[PDB]
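Only one chain is given next, in structure tokens, and it is the form deposited without the ligand.
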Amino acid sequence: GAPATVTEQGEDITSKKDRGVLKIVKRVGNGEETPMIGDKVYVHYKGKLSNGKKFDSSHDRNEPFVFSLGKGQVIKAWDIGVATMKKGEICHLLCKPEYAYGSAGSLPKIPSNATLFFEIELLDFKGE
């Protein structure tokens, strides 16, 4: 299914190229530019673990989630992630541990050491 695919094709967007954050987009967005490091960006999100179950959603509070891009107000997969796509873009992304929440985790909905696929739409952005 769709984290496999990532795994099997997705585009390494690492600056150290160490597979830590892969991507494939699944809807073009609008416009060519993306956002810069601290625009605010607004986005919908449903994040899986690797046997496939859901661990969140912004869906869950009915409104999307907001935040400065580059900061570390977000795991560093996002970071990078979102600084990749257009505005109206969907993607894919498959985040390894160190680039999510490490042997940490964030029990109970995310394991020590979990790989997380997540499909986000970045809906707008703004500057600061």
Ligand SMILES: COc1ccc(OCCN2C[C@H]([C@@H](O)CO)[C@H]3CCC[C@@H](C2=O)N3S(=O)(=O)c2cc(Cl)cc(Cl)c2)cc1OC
Second form
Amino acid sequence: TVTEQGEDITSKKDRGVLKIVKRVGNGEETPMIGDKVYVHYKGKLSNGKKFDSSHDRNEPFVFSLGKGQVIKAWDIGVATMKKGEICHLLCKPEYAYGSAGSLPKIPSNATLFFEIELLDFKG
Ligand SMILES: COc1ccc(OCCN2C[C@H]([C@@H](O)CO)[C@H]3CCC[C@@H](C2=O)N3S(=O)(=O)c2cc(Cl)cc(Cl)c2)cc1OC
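Please give the corresponding structure for the form deposited with the ligand bound, as opposed to the form deposited without the ligand shown earlier.
What follows is the whole complex; the chain from before opens it.
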């Protein structure tokens, strides 16, 4: 299910998380549930404003995949990636911070736009 804004990678095919591959990984497997995943990312709002980036801290963001440690769009999206891959993820609010948002950085009803690089993962 490939739209003009990317591939719908949701289980519901509700257009809530859309993915565009920017660089193919040479890795073969995706990370598994419970793996410790290492990424770099940059997040922007629909107005182009960068709200956060791991690159700006000069160390990776680390989380356990599929454990609800991150927004739903990330547990869905990162699970599709291979080592070395860079993707863009368009994350509708229902897969992110919803109607409330998370002020000051994330407004109400915000679609989030991430560029994510899967650096490594360990089981
Ligand atoms: C199970 O549901 C959730 C779990 C976690 C959650 O937010 C906290 C984790 N988080 C914040 C990180 C980092 O800022 C933590 O140091 C970051 C990267 C991973 C995705 C997402 C993110 O999911 N965010 S974020 O870039 O969207 C973000 C950055 C900033 Cl500065 C502030 C916020 Cl509120 C979000 C939000 C969740 O539901 C709304």
